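Fit chains B, C, D and E to the known structure of chain A by using the hints.
In case you want the letters, here they are:
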Amino acid sequence: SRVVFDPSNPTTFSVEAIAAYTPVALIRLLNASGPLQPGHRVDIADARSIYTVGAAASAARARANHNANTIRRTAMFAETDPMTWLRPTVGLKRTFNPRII
Amino acid sequence: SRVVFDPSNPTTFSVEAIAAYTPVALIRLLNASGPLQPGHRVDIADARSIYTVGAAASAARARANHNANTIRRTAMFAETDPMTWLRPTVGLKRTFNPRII
Amino acid sequence: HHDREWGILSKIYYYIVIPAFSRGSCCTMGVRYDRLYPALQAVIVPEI
Amino acid sequence: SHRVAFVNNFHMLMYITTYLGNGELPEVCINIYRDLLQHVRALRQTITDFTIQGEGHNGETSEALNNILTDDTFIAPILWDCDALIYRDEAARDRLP
Amino acid sequence: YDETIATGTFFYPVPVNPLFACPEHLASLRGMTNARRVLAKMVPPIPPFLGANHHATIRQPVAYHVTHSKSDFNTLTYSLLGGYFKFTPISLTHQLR
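So the protein lines, in turn, are chains A, B, C, D and E.
Letter by letter, the first sequence follows residues 7 to 107 in the entry's author numbering.
Letter by letter, the second sequence follows residues 7 to 107 in the entry's author numbering.
Letter by letter, the third sequence follows residues 820 to 867 in the entry's author numbering.
Letter by letter, the fourth sequence follows residues 675 to 771 in the entry's author numbering.
Letter by letter, the fifth sequence follows residues 964 to 1060 in the entry's author numbering.
It is possible that some hints are incorrect.
[Claimed, not checked] Mimicking DSSO-like on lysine-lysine, the simulated pairs with C-alpha atoms at most 30 Å apart in a straight line are:
| id | chain 1 | residue 1 | chain 2 | residue 2 |
| --- | --- | --- | --- | --- |
| 1 | E | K1004 | C | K830 |
| 2 | C | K830 | E | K1033 |
| 3 | E | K1033 | E | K1004 |
If you're looking for bench data, these hints aren't it; they were derived computationally from the structure.
Isolated chain A (complex conformation):
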């Protein structure tokens, strides 16, 4: 599922399983494509879309795995409940170097 001749097998299956850096390097070092006649070379838009979807999924998985210092999140809009007679904690968003968490 890593043949560069057909740009449909290494789209998401070989990208979302592990880090995409190695498949990207392999694709870069293995030219672009060979014989486009015996394969599903038509409708390259779908292949590009599925490849980008797989890359986005891999990036999101890597970010979730590496986000060990940022797990708690909240909203920014206020006055979302009728019981807003008090002032909650202000704090700050994720705009600082990770030192405490």
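Below, chains B, C, D and E without anything else, positioned relative to chain A:
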């Protein structure tokens, strides 16, 4: 050997092995003129070409020897994007320190 | 290389501002390539 | 020495100035290039307002008929390329190149 | 100029608005001939589809005035503000009063 009287044998391997300091000193002590009669030195264009190619080979050997403590050189442009229909590739502008530390 | 605008600009620069600035010292002379090339090609290897 | 060299290398300077707008480099050269560009634009505007568009059978000969100096016969003192010379040779076709 | 990205790769600038003039964009787009580029810059100032300048002949006089004046933006803005009115009879009476 670093004698211009018989430079037929010491042309490439002698220049590549030894440093350029001795031929530089010989040229400096021999002003800007050399005897073209002895040896296999026809006219002056051939001698100039031999000197230039020898200097280039010595410089290349010195760069290869010193490349251990430095990083490998790269071209100004990539020109390694066979997938023009997929996405383009930008060039490289090396701004980091050429040395390791 | 480019359009004729680049050539027009280059000739305007080489025929108006340069003479207007250095009309008292502009002079064209030849260059001895065969005598200058071996002089600047003195490769010296340092002790890195 | 406040004097600036590499003045005659306008051919490479016009390409260096594109990348010269980084910010770390001194802005004196950027200001000089901007002033030169403004002067060139003003000269082009004046030469296109003074001229009158019309006539011509081979091409845009109004500029050559009005300014005269716009003709491609006058070349740079130092030769750098011949593509423009070939272009004008096959464009004029009436001056026996 | 930009050697990092090839010309005519990310954008395809074309003359689509009579007021918006992009003469160097056509040259930077690449693929055309020098004679065609210079003639298109010289004679036709309007794209073929928007060549019907009779729809709104308002930008031409102010553009001509601003190009000939080349400076003094204060009087230009004052003249534009003075000339920015309507033609209805009620507007004329309101302006007079």
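For each hint, the structure was consulted:
A hinted pair counts as satisfied when its Cα atoms are at most 30 Å apart, and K1004/E with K830/C qualifies at roughly 20 Å. A threshold of 30 Å between alpha carbons decides the hint, and for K830/C with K1033/E the separation of about 26 Å falls inside it, so the pair holds. Note on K1033/E and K1004/E: the hinted pairing holds, with a Cα-Cα distance of about 21 Å set against a maximum of 30 Å.
The structure shown violates none of the earlier numbered hints.
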